[PDB]
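In the block that follows, a single chain appears as structure tokens, in the form solved without this ligand.
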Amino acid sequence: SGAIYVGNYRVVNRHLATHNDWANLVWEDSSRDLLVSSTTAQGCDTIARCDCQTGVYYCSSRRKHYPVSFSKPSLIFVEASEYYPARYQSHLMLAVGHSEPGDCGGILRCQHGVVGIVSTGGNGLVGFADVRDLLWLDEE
């Protein structure tokens, strides 16, 4: 579990979004595994605006943050998980690291701020849903 709190937005994995998220929906995309809802209180996070390929992510199933190199966001085949079928997912980056289903929502960060959240795992990789292209998160 986990979210990004930027401005008056909450960014969560689409598959973990709550009823309140859907009732306060700003934007969602199944292909990216993302959903954004509106918040009453402003949030503490800053979104990275960059093309870094190195950062640090939080792994809840290890209680640890790990430094990683990661691929640029792309369209990637993802094998079946407990929460999605095998399918293509867009806006995805990959690193070598540990990720189980409940690690989704852990932040990946670089020197510029939050890059994305854990969204995929298995076979010794961790996949992150990018948010650095969502420039509208920084306003309004």
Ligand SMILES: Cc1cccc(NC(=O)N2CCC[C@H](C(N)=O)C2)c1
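Residue numbers count along the first chain shown, from 1. The term rigid core refers to the maximal set of C-alpha atoms that superpose within 1.5 Å between the two forms. First, how it differs from the form solved in complex with this ligand.
- With the core held fixed by superposition, the comparison between these two forms singles out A86 as the only member of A41, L75, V96, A86 whose CA moves by at least 2 angstroms.
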Second form
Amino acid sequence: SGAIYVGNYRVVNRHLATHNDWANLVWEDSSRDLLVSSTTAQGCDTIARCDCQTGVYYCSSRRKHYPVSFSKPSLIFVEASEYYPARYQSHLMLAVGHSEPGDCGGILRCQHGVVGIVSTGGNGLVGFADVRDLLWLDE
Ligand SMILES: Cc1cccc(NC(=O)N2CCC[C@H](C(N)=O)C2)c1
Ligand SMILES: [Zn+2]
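Could the form solved in complex with this ligand be given as well, to go with the form solved without this ligand?
Whole complex next, starting from this chain.
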């Protein structure tokens, strides 16, 4: 679990979004596994605007932060689940590192701020949904 709170927005994995999130929907994209909902309180997370390929992510299944080199956002095939059929998830970045399903929502950060959130994993790999291109989260 986990979310990004920036201004009046909450960013979560679309597969983990609650009834509240859907009832206060701003934007959702199944192909990215992202959903943004409106909030009443202020969010102070800073979103990174960059092309960094190194950062640190939070891994709840280990209660630890790990440094990673990750790939540029791209279309990567994702195996079927109780949330989605087999498909290409876009805006996805992979890194070598530990992850388990409950790790989704853990934040990936670089020196410039929040980069994305854990969305996929398996076989010694961890996949992050990029949020750096969503420039509207700041205005
Ligand atoms: C982080 C992690 C580790 C091991 C396994 C998983 N499950 C995973 O990748 N799935 C199921 C949940 C929805 C994901 C998706 N974005 O389509 C696909 C996650
Ligand atoms: Zn950066």
